[PDB]
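Visitor: As a plain string of letters, each chain reads:
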Amino acid sequence: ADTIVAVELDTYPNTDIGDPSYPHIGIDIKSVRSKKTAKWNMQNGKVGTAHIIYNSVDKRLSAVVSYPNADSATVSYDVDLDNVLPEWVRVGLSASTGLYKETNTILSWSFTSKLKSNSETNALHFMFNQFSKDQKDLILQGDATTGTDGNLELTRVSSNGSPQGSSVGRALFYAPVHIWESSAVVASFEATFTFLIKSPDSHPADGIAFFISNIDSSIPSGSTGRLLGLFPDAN
Amino acid sequence: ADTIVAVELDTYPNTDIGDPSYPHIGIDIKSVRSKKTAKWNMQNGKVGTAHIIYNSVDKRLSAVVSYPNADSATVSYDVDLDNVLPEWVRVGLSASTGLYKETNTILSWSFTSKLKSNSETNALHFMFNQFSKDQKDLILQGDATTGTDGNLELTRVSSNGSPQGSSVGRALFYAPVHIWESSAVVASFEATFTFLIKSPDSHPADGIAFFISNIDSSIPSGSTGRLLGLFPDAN
Amino acid sequence: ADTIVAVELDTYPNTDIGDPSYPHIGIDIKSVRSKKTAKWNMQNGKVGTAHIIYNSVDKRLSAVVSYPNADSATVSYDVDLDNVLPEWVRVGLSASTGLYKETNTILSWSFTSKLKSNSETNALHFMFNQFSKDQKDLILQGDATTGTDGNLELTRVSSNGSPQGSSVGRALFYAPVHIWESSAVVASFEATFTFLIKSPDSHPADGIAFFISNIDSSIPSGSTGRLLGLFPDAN
Ligand SMILES: [Ca+2]
Ligand SMILES: [Ca+2]
Ligand SMILES: [Ca+2]
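Chains as they are written, first to last, in PDB author numbering: chain B, 1 to 119, 122 to 237; chain C, 1 to 119, 122 to 237; chain A, 1 to 119, 122 to 237.
It cannot be assumed that every hint is accurate.
Stated by the list, open to error - Below, in silico cross-link-like pairs of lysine to any residue (SDA-like), each with a Cα-Cα straight-line distance of 20 angstroms or less: (1) B:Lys30 <-> C:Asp235; (2) A:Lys116 <-> B:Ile17; (3) C:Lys59 <-> A:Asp16; (4) B:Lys59 <-> C:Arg33; (5) A:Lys30 <-> C:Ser223.
Treat the hints as calculated values from the structure; they're not laboratory data.
Model the full structure from these sequences, guided by the hints.
Guide: What follows is the structure, encoded as structure tokens:
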């Protein structure tokens, strides 16, 4: 029912549902099967940084994932977002674990959105660097929690710090985002998040996604594991 | 969620979402991107007439838009409607304005529907020539109002008579329409409306559409402007 | 809205919506227009048996329909079910009549499901041979009733025993069925039902279907006749 446009940071190869046989970064339009993929050297217990860029003039959604003293992964896909998405949207961060487990910790999250009309510019900008327990400007869904160490824990984490299996969680910004109207000439957004993925066992599973969805968006049933908390099925 | 079959009278070229670079008439099946288009000479402040025809033997939806002492536009598309639509439907008129503004005035609206079984015929026919403030046989949605001058004003119009921007309105007939059952051999409908599109500025925007939808049809969120009050997105 | 995967037992040729010009058995994935069909010699007033087989290793849904001292019909299609369907599902039996009429009597219904994980095995098995009026492990929908002669009557049957036209009925098992989670290596199901189709007139209509759908599944509006109580439209 819900329209999903996602930038995907994928840690587990799910070759059964069209993933490549390595950890990867993907662009998702209405489907878990990514429209474009790039090879991604995932680093266990290291702080990574993701940048997401789109504008309506380029008609391209672009993504870059970097680790310090390490490789950088880059993905781009030609997509017209006001053609795909409704007038008003909600932006968020989503994560999942399956059988294999990982921490899906967000250390910081910033987002800027701009909409230019025919005749100065309309803008929204938010910045999180510390997350509060009483965080009224976020819609927490599923197993997602804020407050421990000043961080957003999207998947379930025990008292000691070890990741829990079969978890799903999303955090969405409270205010709806304006991506198009009839008067619009230019539309753009920039998204930035720093993340920590650590796993005790050999294979970490599934990962984190930045997503754009319609205002009334909720976690689909059984979207744990490979479906990343975004899609009800693997179509 | 809603299945839409529309004949659109499109006044503004939205080349961004698949429109030709002129005012046009189109046949819409589940999408804003018309399946067939024809060039239409829109006349500002003039009374026009639209005729819409379909039967299940032809398997063709056809439309003709005419102005007095002027050009006539013709569009036809091969479509099987009982294959596309449910057993029971609601018929309506829809209109929108964006940044640019137009009056979406309906002066008269008539509709006939016929369903033929094995071994005479089942029929529904309604005729509006004057519209009432107390109009219980219509479902008014959005900015749609009846009563001033005996006309249906689909988009918002001020006290003086000037059209208002960013408006959306639909009028639907109260009784559900039977378009097929298992016993059926022939199914047909004829639709007719007279309309007034006037604009003070150079470019009138978006226009009027006749539509067929499932019974519980509602105006989608952000279907102002280019989406004509019919579609949630531009897919 | 609902995802439907059905094994179809089709008695009436609806060539208008993509059926072959004979009684047939089909595999339905999201659509009434079968992905694979086989010719099936329907026998009026005779007890038939259907067997449905699928496993995730084969990636094939197969079906066999047999009558005593008569022809056997066989259909197979390459399909990945956990790619198509959600994690948790409900299994059921569905039937319809149109203008022409048939009894859609189920004499017995058995279903087995298996889910094998990384580490023995998770399983569900139910067997019906006699049906009760007070049947709490079934969700009866539409015109479907249990109790007459210890049988499930999916379509409406009169006091004397003659089939009634324009009927629709479904029976679903109460407990949800697990067909995948991430830990899974192999998932399988076997379905079996015995059936009685009798008609006084020359043409019996539409028939019975075994189906897999999401947990909250209900009968679509106007899914009588050709649509088999499964699909809202003939897409
Ligand atoms: Ca994956
Ligand atoms: Ca347009
Ligand atoms: Ca049929």
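Visitor: With reference to the structure, classify each hint as holding or not holding.
Guide: To see whether the hints hold, each was checked on the structure:
1. B:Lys30 <-> C:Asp235: Within the cut-off at roughly 13 angstroms; holds.
2. A:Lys116 <-> B:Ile17: holds (19 angstroms)
3. C:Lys59 <-> A:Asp16: Roughly 11 angstroms between the alpha carbons, so the hint for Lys59 of chain C and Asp16 of chain A holds.
4. B:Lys59 <-> C:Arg33: holds (18 angstroms)
5. A:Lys30 <-> C:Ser223: violated (27 angstroms)
Comparing the model with each earlier hint shows a violation of hint 5 alone; every other hint is respected.
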